[PDB]
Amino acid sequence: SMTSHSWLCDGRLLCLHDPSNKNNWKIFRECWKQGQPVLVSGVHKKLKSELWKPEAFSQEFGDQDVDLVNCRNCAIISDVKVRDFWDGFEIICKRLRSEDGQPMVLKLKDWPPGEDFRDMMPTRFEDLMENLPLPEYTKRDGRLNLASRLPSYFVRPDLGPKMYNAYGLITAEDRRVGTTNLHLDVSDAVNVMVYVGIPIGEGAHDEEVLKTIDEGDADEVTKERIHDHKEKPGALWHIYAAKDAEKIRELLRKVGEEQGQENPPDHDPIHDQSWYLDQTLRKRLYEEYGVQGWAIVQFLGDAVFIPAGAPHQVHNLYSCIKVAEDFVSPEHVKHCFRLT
């Protein structure tokens, strides 16, 4: 029956159940003070579902010019129509094919571009911003959002939100690649899964999704959300505490060296955004450096709260539309300060 919250990651991750509850801050704020990520479920039930479909984006914006990335090999597909991405989002037989004749796993780069989301999509902007959880933290004008209140001694976030659109990774070989590589942000962020597309053609690809979640180190309760309630899983995240960022840099310098990269001893493999931690590298981080992370499956309507300074990576299971907003909480403002 209905409850305020539950725990994932064996007690280490807060899951809030009611996204608009005026009392959520009472449960949120101690987990957030400790540097933990937080999950909030149910945001899809608050949104106008017609605004967030792949077919509407194609119909309304399809003649815009964009670049795509081939997630398998990082090859850039320059200066194509955005309809060429959207029309293959769920229908595999419409997808652009690589030279080997296979349908590609594509990411749409920087769309809408820079800060243009609000100008290009005013009705979507209103629908998202009015339904974000923890609104004193996440709204542009929230009382606990310092973004508009800080001097130039602090790195300030760009005007958001930002959309993140990409197909699902499909094969056993795809398990070792990221949709978004390991990186960190100096602001806090909330990332909302507004649509999950489960394809058709080569549709029935449900067994390799279970193997990816299992190999991804997902907890036993997370595995129950599929088997028992038939929720749509979108993406597998790994998030690490901000305090563990330098130990992760030491691991990736050592692995770069082993693989014959020629790197100065101070170079920053996290800022480079060139690594995805696969099962092998995650085990090595735990065993050799004593660092544990949070493995998080983001279902349709889940909002993931990512603490400033926390290294994180994203692997899409199915085709995803995500929308994210940056904010600056008082708990984590040290991470954007420009001195010492």
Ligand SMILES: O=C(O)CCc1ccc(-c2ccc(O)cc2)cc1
Second form
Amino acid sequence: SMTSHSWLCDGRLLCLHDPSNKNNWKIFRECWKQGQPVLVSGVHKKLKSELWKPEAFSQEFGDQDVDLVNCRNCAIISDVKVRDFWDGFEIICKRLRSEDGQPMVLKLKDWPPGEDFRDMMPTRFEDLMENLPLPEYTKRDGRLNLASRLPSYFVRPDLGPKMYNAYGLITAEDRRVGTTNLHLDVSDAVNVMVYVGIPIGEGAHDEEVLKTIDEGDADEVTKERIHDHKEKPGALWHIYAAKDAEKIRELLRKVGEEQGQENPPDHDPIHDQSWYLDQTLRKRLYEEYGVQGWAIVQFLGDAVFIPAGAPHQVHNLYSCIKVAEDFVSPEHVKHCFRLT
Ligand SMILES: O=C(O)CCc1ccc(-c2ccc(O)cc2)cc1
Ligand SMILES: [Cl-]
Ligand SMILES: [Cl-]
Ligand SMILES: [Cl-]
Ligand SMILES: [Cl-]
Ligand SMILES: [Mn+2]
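Return the structure block for the form solved in complex with the ligand; the form solved without the ligand was the one displayed.
Below is the entire complex, every chain and molecule, led by the chain shown above.
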């Protein structure tokens, strides 16, 4: 039977089932006021699927110059053609190779650049903005989005959306690395998985994706959604409550010290965006600081709602295209205020 919603993370995460249901706000707003993230699927069924394919981005924009990041060692690959990224998205034998002769796990940096998404891609902009869930919160002019309504005493978000494009992490050693490192945003955000690429050549990558999700602390219901082979898993997230940010900073200052970093006692390891919390660091955070997070597997068409101030990190399981919009809910406006 069709249902309005279900629970993940042992009851701690709301999962809404119908992205366009006008009653979603009634269930959403209680979880959101408590500082929890929220998951919505089925957003892929609302989109024009031909607009969000890697082959179309290559054909239409392939000649633009970009930088890439090597996710395994953070090296920057400067001033290459965006087609050099898109043509290896799902075919491993087309990927740029590191000096060891291995195909690289790459992230496309700042593309489209700054606030240019709407200008470069007006049909994609329309298709996304018209199908965002919780539209009173997430649209530029939604009645519960204060972005356009606030004075300069508040940090306002950039004009979005922003697109996040990266290959999936592959090996047992890749389990300890992030696609996006631990950081926080002063605005709220919704992140939609619009495309998941499951590769070929080295296309027998069944078991290590399962081990990554299990070691990632994914709940029993999430594990049932994986065993059921009906939906493509894109990325593993860890999200922490905004109120736990300083305890995470204390852990990371202590680990930096143990590892011989030489850092002023006030320096901000979350703002540095230099850490990924692996299985060891997540266990230590729980045991030594009493901090529990949310381990979330974002499937194709899942929209992840990230509360303002909530530290978070992303680990791609397969090749992903994600599109994110920032907004300012009245529930969390304190996080962007410039005084006390
Ligand atoms: O079980 C595995 O192979 C590893 C995890 C996983 C789980 C599900 C899929 C999948 C689902 C729907 C589909 O059309 C194609 C693929 C892929 C990967
Ligand atoms: Cl809060
Ligand atoms: Cl377009
Ligand atoms: Cl709404
Ligand atoms: Cl990063
Ligand atoms: Mn973020």
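Here the rigid core means the biggest group of C-alpha atoms that line up within 1.5 Å when the two forms are laid on top of each other. Residue numbers count along the first chain shown, from 1.
> Check the Cα of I226 between the two forms on a core superposition and give its shift in Å.
Between its two positions, the C-alpha of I226 lies 1.9 Å apart after core fitting.
> Would you look up how far the C-alpha of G201 moves between the two forms when the rigid core is overlaid, in angstrom?
Residue shift at the C-alpha: 0.5 Å.
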